[PDB]
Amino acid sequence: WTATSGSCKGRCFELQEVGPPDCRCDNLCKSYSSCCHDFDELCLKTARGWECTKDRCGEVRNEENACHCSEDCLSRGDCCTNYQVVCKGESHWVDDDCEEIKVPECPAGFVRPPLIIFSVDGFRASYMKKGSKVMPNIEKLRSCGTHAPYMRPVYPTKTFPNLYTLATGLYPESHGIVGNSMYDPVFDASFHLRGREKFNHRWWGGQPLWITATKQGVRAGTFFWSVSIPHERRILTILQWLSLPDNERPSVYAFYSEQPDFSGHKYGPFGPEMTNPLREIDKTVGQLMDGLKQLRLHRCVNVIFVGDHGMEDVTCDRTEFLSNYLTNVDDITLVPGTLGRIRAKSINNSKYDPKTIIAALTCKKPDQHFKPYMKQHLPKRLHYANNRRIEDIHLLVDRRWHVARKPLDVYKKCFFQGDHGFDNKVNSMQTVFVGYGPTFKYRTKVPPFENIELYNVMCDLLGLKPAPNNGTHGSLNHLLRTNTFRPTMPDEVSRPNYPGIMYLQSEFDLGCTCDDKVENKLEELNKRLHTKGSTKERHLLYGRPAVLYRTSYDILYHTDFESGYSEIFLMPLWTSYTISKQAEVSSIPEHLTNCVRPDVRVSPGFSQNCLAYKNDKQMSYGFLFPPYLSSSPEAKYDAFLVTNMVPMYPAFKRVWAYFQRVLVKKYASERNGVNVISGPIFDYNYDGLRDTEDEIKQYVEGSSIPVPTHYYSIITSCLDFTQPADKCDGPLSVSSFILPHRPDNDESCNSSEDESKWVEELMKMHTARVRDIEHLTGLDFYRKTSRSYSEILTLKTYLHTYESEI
């Protein structure tokens, strides 16, 4: 109930939302069906429209008017935004040359530059350039401020997940808004765009910017606007709040536009009808900036112009139907569209089996335009698994397509030409970022980055301490003139042992064999030097990764590679080696095919054993440093050490061997040498974080050899590729992957073909940020470079996406 009997007189667009049943006068009251009876009359005036005219200049104040053209209007703070242009011979903000804002130029009583977030729904990255002709205010912000060529949204690329990621710096799996539609099995409640459940606070996790601000004594505007409030009124209301006395004035504001998304759905991202929506958004930006200039705030406020996701061509006829694959279609509930989430229609149906569903949706049609996954097998870069609101079964849909349950869902439930929601590395899903103001840099282009990072920066812009979040604070310091955050490297927690030769061959009862018995102070002193780390500066180029949790591990040096070998997990945490552009690939020799050699530095009791592999009929093994890339026949023996071995399913070995034999050398040819760091990952609870020893669900049969869920590699080279990776003067270039360690290649429909037709495609899908590998391993890389730490933080958040140019 709401006793809407109170009055909004003197309360229009109040910031403090008042409690039931007292009627509300804030920008969300309409949405809660809760506004006082006179809210429209007093708060949403429209008379005479939104622009001053010559005949209105110096008029007598008429309180009925939407905005004012009278002489008192500037002090009152309620002029039309074009008032000084029409009445005082001033220029529009867009028509002024840009001039660098070296310091804030704010009126007295401003304690810090305000922040205004201007968020546009469905604003595809390529609109900045393709629409630049019809967007002159936006184009001036972009070209005069700091911009990225694009900004990467989170998966799924839908409105609510992304708008709440912007506000919190969290992945959807962490903030809990995992789609526009959700079922929470614990609450037994459903969340939908239309309905009352979405208003319930229990859905919304983490700590959004407005709560962060409020809790730290920084006043916030109310971020969101009921759909019926026209954009011109939203702008005028922001400009009003900015004219409030110092003790009442908010320090952060948001404007939100439903466009161009709304038109994009109807017309496609580039439908000819899309020009007018882009003009309209630009006019709105122009009104803000003229209004700011009027208040002498246009060289004082920081403005972020930011989108939530882009828009793709999607029509009705490009729909896959689950009824075409499954006999049992009415036994499931599907959350459909540009992603699929499947669960049992009924909890009482014990004939429901996810395995049989996955199988029936796996590579069944030539051009099948979706791919099923259990959620833990989704690419780790998506960070889309650790929430009970995300169903176990997921359909990753091809761009341009939809999945649906049955044809009747699609013609009896076409209109649309655009949609979004797809994999967040798809070029059409990319969105925009522009920062303009005293705190941002001047005419600066910054590389693409992810929207998870912005929360930290908005906290920085406001002098707030950010809540714990998934950004990497400092990785966007290069966007900023001032207010940078100077993080320090985490302290290493465990220090390594450096074991020498401590064990005789006969102490090992591992069931391994090696034709290595075939046998000089020249090279014998030389190879002892190699075991002491004499070639380490070649193979460990950025220092050793720091271990950020308590554990017991050994650094092992070899001619061709260095490693940090875990005595707990019985295998390396990391293996680091450099391959020059001129390195040669050799074969595994015949007499070494099945060779595994004990490592005299590491006890039997801390080693793997070959018997365990012989007796495990599902498990084989691979090597982290590839034997194919030994520097010499003699050095090749090091690669067959039991301490270089890791468990690998035969299906996975096909992937790994092709990577090691073919791709590494190829990368070295293309990048002028590469430094590779490889290693296992264990994430049995799919939370994106390194498992402790007690969390491992699977071991090599009869042993304590834990089976990795994933294998990573971090491949680093010189950004300036005319310098060799090992002698690089400047910035680095990286790409990385996290490959799921799976006993089949069902993910790859083409896998019965030669690896050259499917392995690289698999690896591209499982591309990763170094930061992702860090969360998953508790390692910190790039500890010793010549580079600034913020620059290394940026490198660590880099994702190599393999998409062609935006």
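Superpose the two forms; the largest set of C-alphas matching within 1.5 Å is the rigid core. Residue numbers count along the first chain shown, from 1. First, how it differs from the form deposited in another entry.
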Contents of the next structure:
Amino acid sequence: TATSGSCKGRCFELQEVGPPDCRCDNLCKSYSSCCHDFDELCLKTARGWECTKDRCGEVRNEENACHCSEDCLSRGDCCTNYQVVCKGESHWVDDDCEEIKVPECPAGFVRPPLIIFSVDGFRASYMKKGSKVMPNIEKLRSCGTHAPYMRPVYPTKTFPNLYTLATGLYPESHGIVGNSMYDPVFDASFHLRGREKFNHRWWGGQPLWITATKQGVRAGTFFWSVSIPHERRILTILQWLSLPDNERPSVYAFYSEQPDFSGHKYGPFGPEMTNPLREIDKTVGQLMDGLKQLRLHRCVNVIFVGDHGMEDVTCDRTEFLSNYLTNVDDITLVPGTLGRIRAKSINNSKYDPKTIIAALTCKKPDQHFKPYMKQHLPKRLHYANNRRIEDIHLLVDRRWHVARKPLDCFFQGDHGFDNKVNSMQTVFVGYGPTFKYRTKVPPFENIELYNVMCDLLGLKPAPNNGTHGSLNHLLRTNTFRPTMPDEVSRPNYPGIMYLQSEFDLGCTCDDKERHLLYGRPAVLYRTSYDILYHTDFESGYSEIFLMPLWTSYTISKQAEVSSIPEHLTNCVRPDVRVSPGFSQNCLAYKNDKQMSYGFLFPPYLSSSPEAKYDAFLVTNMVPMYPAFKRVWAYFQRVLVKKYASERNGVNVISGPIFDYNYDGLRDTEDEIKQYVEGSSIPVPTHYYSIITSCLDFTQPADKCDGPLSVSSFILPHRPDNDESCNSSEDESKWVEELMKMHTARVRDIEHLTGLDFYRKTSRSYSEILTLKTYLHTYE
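Starting from the form deposited in one PDB entry shown above, please give the structure in the form deposited in another entry.
Below you will find a single chain and nothing else.
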């Protein structure tokens, strides 16, 4: 509420309160207000950002952007090359890499500071496509810890990903579900430009800077008004690092608009990309040079991280909704590399998403987007449980845009696509005493980083979507020790408790260690279920849901596929181990015109004709739409054998998922919205499978003594195959493409089932946590 105090040295100061008296911050330009004689004493430019010999020993001239005077080291406002030019020191990039075993911090530093150097639109492959031009970045990468790439969250846009980095949450949970959003409860829109985004109401979860503050760790200001030149951002961090140790922050963030901006103008692989990459490396070098002359280069942990990649996208490759819909003026479209559609609602509830989606489904052979109800999007995207996400979503093909009409090249790159697309992958490098030395780590998802940044600062993370401990292998020391959750429900192991004569199911037939390689899955909620053993498979059968929670079986490389004898096609047999009242019945299915059934262990993989009869037990049967059985039957008859054949055997765990409220979490019985007609048999929203083998494929899956290899999926249990535009073709032409789109992490299935897998292995639990967060992308 005041525009004219004199920020007594408060330039870029980390201590503020409300109004009046203007604030002294690098965000003042964004609020169009600081003690604006806190301004141009603070934003100088004179004489550039590098000392020259003739400047060495100058008397401090307050007009210079940085200083080469004898009092500058005190304040940290020397040019970062000051000691190299004036004191005979070398550039940090010219020094050999020396392992940092303990933090070497100067007087007054209680903990190693963390600096996050974030770069917008830094595609992972840039780490090579311009490698000879990034000496500082490549040193950090080769001498610290790096992954080949880090996976962003969907949508692969800046604000959803920066806030995921900050909170460890999926966008649906932290609230920043796009760069642009409409919230029906606020009845307001959020935009990259403008002031609406500054209202705290938009931002959920608990970001790193608030986590630190709440726990007594001071945070620098992570955000920079775009007018502040990148060199000044570095010099300000360095000046803050020079504050006394009761004002000095322990965690800092630098941000650069590059290489995103040049990626947009020229595309990710234009020759024009080299200059921005050179400039970014120069800035990294200024930072490392600045840390060295403050004797902090072996004390600070540095993270170099991007928010997303960049793809080739041109105005020529635009789909227009007006080519599909006759009434595009009754709808609002969030356009581009993704689509979100809602009604314009001034005179319109003829708006029905069901018709719009049907009108956007496989209408042109080479159609470059696919419509979805948000709950039918691949579950790995975790993009549905937020009122800011429109019911209608368009997943846009990489390299394409979607727009409303041809009225909506200047740009050649864009991003925002499906986060498993390789062009969207970005970078992670960690460098410092707490990160490992010269260590490469597998790719990981950016939702994991908040836990690590917390660990790096001694903070307890707020609850988030990372898996705490899955990244412990990045860290030399003070990791957090994860422990496996305790099993909640104990199984029963029923024997023969009833005889075939007590069953009134309406079912007929023509019937008159090996399979649990990683230990029994633990059930982490309260329920009643039975362990059922068979020659070919083992299952945990829920007496609540009348169907297995999981079915586990091992299929050797040499396994033979057999068909279902004609006399057995309709066969369903009572299971004398399970009460008829906790059993499904076959009349429910004959009475449900829309529902058929399938089996979790496939009769096609039975080991003998004797054992095949086991596969037809009522305890192995699950409700399946006929459309979905086309998918499931192909998977069980064809794909499982294929996977066994390619991977030297596989262990498979399959089962149902119920997520009618699309929150990514296992439904309670109350939340289940669909049952087989006139029955208590719930209808799954999805069916999962987890396919495990030995990473050393020279060992059979049942004889593995090292790291495991997993691929998993969560297939939508849908009554049609409209998602698959080629489903009228033979299944060999579309089912595997469907499954690859719905690939999943084991962790995703854990949340959706309440089960805990891999509880009995020869691996460390941290190593297992890495396995559970793996995603097989097929990219």
